[PDB]
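2 protein chains.
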Amino acid sequence: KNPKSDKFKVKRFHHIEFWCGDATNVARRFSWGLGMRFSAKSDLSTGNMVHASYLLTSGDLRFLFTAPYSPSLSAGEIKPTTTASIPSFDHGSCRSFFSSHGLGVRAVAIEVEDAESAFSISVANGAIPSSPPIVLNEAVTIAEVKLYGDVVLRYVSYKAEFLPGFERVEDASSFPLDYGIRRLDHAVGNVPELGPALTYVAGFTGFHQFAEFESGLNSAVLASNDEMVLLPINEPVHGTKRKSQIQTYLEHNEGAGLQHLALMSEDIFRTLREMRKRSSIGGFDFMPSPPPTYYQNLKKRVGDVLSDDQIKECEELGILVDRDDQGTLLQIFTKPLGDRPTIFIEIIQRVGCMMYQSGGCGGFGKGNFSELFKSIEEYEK
Amino acid sequence: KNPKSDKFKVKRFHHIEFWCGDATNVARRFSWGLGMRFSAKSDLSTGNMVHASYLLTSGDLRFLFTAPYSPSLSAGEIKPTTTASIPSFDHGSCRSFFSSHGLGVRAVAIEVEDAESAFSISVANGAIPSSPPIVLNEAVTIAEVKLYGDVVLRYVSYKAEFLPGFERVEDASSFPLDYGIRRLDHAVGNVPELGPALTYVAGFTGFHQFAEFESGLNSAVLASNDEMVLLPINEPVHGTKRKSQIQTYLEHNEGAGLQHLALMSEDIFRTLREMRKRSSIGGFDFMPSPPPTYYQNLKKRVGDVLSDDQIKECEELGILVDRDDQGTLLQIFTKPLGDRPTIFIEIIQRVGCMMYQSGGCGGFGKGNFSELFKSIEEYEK
Ligand SMILES: Cc1c(C(=O)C2=C(O)CCCC2=O)ccc2c1n(Cc1ccccc1)c(=O)n2C
Ligand SMILES: Cc1c(C(=O)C2=C(O)CCCC2=O)ccc2c1n(Cc1ccccc1)c(=O)n2C
Ligand SMILES: [Co+2]
Ligand SMILES: [Co+2]
Numbered sequence: 035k036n037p038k039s040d041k042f043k044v045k046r047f048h049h050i051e052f053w054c055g056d057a058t059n060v061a062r063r064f065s066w067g068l069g070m071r072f073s074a075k076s077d078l079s080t081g082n083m084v085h086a087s088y089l090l091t092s093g094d095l096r097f098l099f100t101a102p103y104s105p106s107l108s109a110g111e112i113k114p115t116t117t118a119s120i121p122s123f124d125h126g127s128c129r130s131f132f133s134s135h136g137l138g139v140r141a142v143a144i145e146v147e148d149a150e151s152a153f154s155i156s157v158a159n160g161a162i163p164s165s166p167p168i169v170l171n172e173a174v175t176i177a178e179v180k181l182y183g184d185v186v187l188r189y190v191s192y193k194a201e202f203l204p205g206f207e208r209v210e211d212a213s214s215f216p217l218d219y220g221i222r223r224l225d226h227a228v229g230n231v232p233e234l235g236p237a238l239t240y241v242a243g244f245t246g247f248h249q250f251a252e253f262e263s264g265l266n267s268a269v270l271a272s273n274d275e276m277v278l279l280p281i282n283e284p285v286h287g288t289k290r291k292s293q294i295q296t297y298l299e300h301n302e303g304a305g306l307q308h309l310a311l312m313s314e315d316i317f318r319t320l321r322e323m324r325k326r327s328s329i330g331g332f333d334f335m336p337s338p339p340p341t342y343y344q345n346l347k348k349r350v351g352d353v354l355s356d357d358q359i360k361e362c363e364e365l366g367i368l369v370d371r372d373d374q375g376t377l378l379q380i381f382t383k384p385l386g387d388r389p390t391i392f393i394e395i396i397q398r399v400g401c402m403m411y412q413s414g415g416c417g418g419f420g421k422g423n424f425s426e427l428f429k430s431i432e433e434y435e436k
Numbered sequence: 035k036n037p038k039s040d041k042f043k044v045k046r047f048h049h050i051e052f053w054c055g056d057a058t059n060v061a062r063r064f065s066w067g068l069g070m071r072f073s074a075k076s077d078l079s080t081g082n083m084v085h086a087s088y089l090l091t092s093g094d095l096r097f098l099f100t101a102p103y104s105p106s107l108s109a110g111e112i113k114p115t116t117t118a119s120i121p122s123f124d125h126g127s128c129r130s131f132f133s134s135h136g137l138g139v140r141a142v143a144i145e146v147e148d149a150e151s152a153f154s155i156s157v158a159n160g161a162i163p164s165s166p167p168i169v170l171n172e173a174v175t176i177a178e179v180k181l182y183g184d185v186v187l188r189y190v191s192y193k194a201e202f203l204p205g206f207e208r209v210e211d212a213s214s215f216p217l218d219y220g221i222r223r224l225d226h227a228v229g230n231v232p233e234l235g236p237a238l239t240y241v242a243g244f245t246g247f248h249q250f251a252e253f262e263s264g265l266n267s268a269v270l271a272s273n274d275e276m277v278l279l280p281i282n283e284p285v286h287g288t289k290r291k292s293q294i295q296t297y298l299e300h301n302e303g304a305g306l307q308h309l310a311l312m313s314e315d316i317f318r319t320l321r322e323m324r325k326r327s328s329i330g331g332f333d334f335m336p337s338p339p340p341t342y343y344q345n346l347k348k349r350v351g352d353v354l355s356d357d358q359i360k361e362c363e364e365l366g367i368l369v370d371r372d373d374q375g376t377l378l379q380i381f382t383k384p385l386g387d388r389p390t391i392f393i394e395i396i397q398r399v400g401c402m403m411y412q413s414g415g416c417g418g419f420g421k422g423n424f425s426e427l428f429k430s431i432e433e434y435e436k
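Chains as they are written, first to last, in full-length UniProt numbering: chain A, 35 to 194, 201 to 253, 262 to 403, 411 to 436; chain B, 35 to 194, 201 to 253, 262 to 403, 411 to 436.
Wrong hints could be hidden among the right ones.
Chain copies aren't distinguished; within one or between two, either way the pair holds.
[Stated by the list, open to error] List of simulated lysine to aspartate or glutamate pairs, DMTMM-like, C-alpha gap at most 25 angstroms: (1) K360 to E322; (2) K193 to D40; (3) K325 to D218; (4) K291 to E111; (5) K436 to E252; (6) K421 to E314; (7) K45 to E233; (8) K325 to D357; (9) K421 to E363; (10) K347 to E426; (11) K383 to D211; (12) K289 to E426; (13) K383 to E207.
The set of hints was computed from the structure by calculation and includes no laboratory data.
Please work from the sequences and hints to get the whole structure.
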């Protein structure tokens with residue numbers, strides 16, 4: 035059931051911002067590992083004496099990488115006179131974030147009709163404000179509120201290229217990499233207690249629980273009116289035999305934060321061949337593949353949807369497959385993006401629920424827990 | 035003239051350590067951009083609850099990338115009980131370094147016969163101690179003293201694979217990249233005043249001035273007995289028309305520190321083709337090429353040494369060429385390795401001074424200042 039109860043008009047995911055110590059090296063690593071192009075920059079070369087920010091793009095997916103310069107470069111400035119292109123940036127806030135969490139997402143940004151309004155209603159409805167609405171070059175409006183831990187939900191709205205004060209990147213320096221990733225599908229939070237986190241976020245957004253159908265976690269998914277903005281949240285399950293990975297996240301991250309980004313590919317086979325090609329030459333590693341007993345049970349579950357040639361292709365690439373009642377999903381998970389066992393990336397492709412494709416089509420793969428356990432026990436014997 | 039006056043026996047450059055906020059992303063970027071292989075690791079997977087350290091290797095070149103984990107992982111440990119593989123590491127020291135300087139070299143490490151002795155004599159001879167000598171697993175000894183700014187000279191000696205507590209890297213995860221780089225040739229410091237820096241370092245090492253033959265800098269080179277360890281130092285020249293890059297380093301780095309690493313290639317043409325191939329797909333950019341007026345004057349200067357086919361090859365790759373009285377050098381410079389206009393890398397190849412090749416053969420390219428000015432003025436007209 036979809037109550038369509040957003041308290042303000044929410045369009046789509048707009049970008050994801052990583053807070054870094056060196057934005058250049060993370061950016062060039064993500065670019066190659068994921069096949070994202072260098073699109074825009076705000077840095078010393080553009081008159082930004084405060085922070086270096088580099089934007090990567092694939093399809094509609096926007097990854098922003100930001101690090102602080104020495105505060106001494108802008109010691110003479112004040113907020114009215116700043117050269118920061120993102121006015122919410124704070125040197126001390128950024129340094130404390132990276133040193134507390136390591137590499138991680140600072141902002142999940144969603145486009146909205148009216149950012150100042152979305153901020154006002156949000157804060158009226160329980161949101162802890164993080165950065166008040168600011169109007170950039172009479173063109174774009176930006177506002178921030180707390181989401182969980184040190185992660186903010188960022189509202190951006192346009193009266194009528202990324203943000204003012206960014207420059208488009210030198211096409212000689214900008215190589216058109218592309219491995220098929222097109223857009224952000226969901227962004228997932230880890231918290232110590234799911235109940236109060238859900239109440240708070242649903243409280244100020246109007247987002248509703250997105251319905252779906262003894263290991264790991266309890267989770268629930270918050271969704272906008274058209275279920276195109278999707279913000280799941282996990283909490284750990286204590287007491288089990290095997291330690292909760294959610295609980296391992298919270299230990300190494302020093303508390304709650306963004307756990308994974310799910311990136312939709314238009315061709316999850318091309319994407320996964322291209323990323324796997326580069327795993328050991330600067331790219332990303334993937335979680336261990338499931339045992340062929342898995343793929344030996346996929347015919348009896350999705351053989352309707354995928355040909356035996358296409359299941360074998362899942363087998364070589366290590367792709368996992370789950371099924372809702374309206375659609376099917378193909379998914380795989382990278383190893384953690386940095387030093388700590390915290391944030392990782394998910395690649396997904398959704399098949400079904402054509403009307411455009413409705414959001415969440417197929418769910419989020421919580422069935423793959425049961426099938427992997429079954430598979431593992433099958434393969435053992 | 036070579037007084038051969040080292041106060042302790044110095045062998046060769048052993049490794050260079052970068053202090054990072056995320057060692058994984060810097061490491062994977064350097065690996066691809068430079069063609070260095072993943073050799074050893076010390077991290078959570080090896081029982082190191084303190085820091086993540088990843089070693090890249092090309093030839094005899096060792097690049098170590100280290101970042102701190104959350105201090106809460108080792109809150110219960112004490113120095114006697116630490117799980118750090120590098121006992122000199124300090125969480126607070128590392129965080130303060132990265133936040134003061136951004137990405138940069140923390141340690142220039144040289145092998146020596148006796149590390150405890152090298153430390154004792156050094157400190158007896160004016161060296162500010164930084165980490166006392168420590169004996170790792172009865173096998174290796176490690177000691178540190180201050181070099182300049184927050185950079186330390188690290189002594190390592192072996193009684194008889202990198203360091204104890206590192207593991208050799210999974211050969212599946214370890215791809216044999218190689219673009220021809222073989223060893224570290226020199227490591228160069230920027231300081232505000234060259235005189236006191238030279239007096240101090242030469243003071244406790246016994247290193248001697250290495251002789252050579262209105263823009264930029266004043267520099268001088270300290271060298272070991274066999275001139276295989278080479279530690280030049282720059283200071284800025286104020287008052288010029290155009291700002292000193294040395295002075296720009298000191299502003300953005302928040303003081304003195306390591307300015308560039310010169311890496312010897314056995315084939316500077318293969319190396320530069322392979323790095324240039326990857327400049328815009330995650331690798332390194334290079335300083336702007338000199339104008340062809342440069343290469344139109346190289347026949348009259350090194351035509352003895354390089355064929356007209358080989359000068360044209362310099363022309364496509366942007367290689368610079370200088371000449372001492374004993375040998376010739378080919379050199380080029382990358383753009384800064386990270387966000388700040390601070391550290392960069394130099395690729396070099398030396399031709400001449402065969403006896411093995413003596414160190415510094417050809418010098419360090421200070422003649423290319425004059426020739427570039429001449430060239431620029433030539434091309435203008
Ligand atoms: C991350 C993930 C998902 C996933 O994305 C997902 C959502 O999007 C929202 C709803 C709930 C959910 O589970 C699905 C299946 C998975 C999986 N992981 C990695 C893993 C498991 C446990 C704790 C930390 C990390 C795994 O092994 N399987 C088999
Ligand atoms: C770094 C460098 C060197 C070089 O390596 C070198 C040493 O190894 C030790 C002795 C002195 C020395 O100069 C040679 C020529 C260069 C050069 N640079 C970049 C640059 C210039 C000015 C201030 C910052 C950076 C440039 O443009 N030319 C033409
Ligand atoms: Co997911
Ligand atoms: Co040099």
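Tested hints:
no.: 1; hint: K360 to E322; result: within (17 angstroms within a copy, 36 angstroms between copies)
no.: 2; hint: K193 to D40; result: within (21 angstroms within a copy, 69 angstroms between copies)
no.: 3; hint: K325 to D218; result: both (14 angstroms within a copy, 17 angstroms between copies)
no.: 4; hint: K291 to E111; result: between (49 angstroms within a copy, 22 angstroms between copies)
no.: 5; hint: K436 to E252; result: neither (32 angstroms within a copy, 74 angstroms between copies)
no.: 6; hint: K421 to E314; result: within (22 angstroms within a copy, 53 angstroms between copies)
no.: 7; hint: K45 to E233; result: neither (29 angstroms within a copy, 57 angstroms between copies)
no.: 8; hint: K325 to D357; result: within (21 angstroms within a copy, 36 angstroms between copies)
no.: 9; hint: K421 to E363; result: within (19 angstroms within a copy, 58 angstroms between copies)
no.: 10; hint: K347 to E426; result: within (13 angstroms within a copy, 71 angstroms between copies)
no.: 11; hint: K383 to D211; result: between (31 angstroms within a copy, 17 angstroms between copies)
no.: 12; hint: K289 to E426; result: within (19 angstroms within a copy, 71 angstroms between copies)
no.: 13; hint: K383 to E207; result: between (33 angstroms within a copy, 20 angstroms between copies)
Hints 5 and 7 from the earlier list are contradicted by this structure; the remaining hints agree with it.
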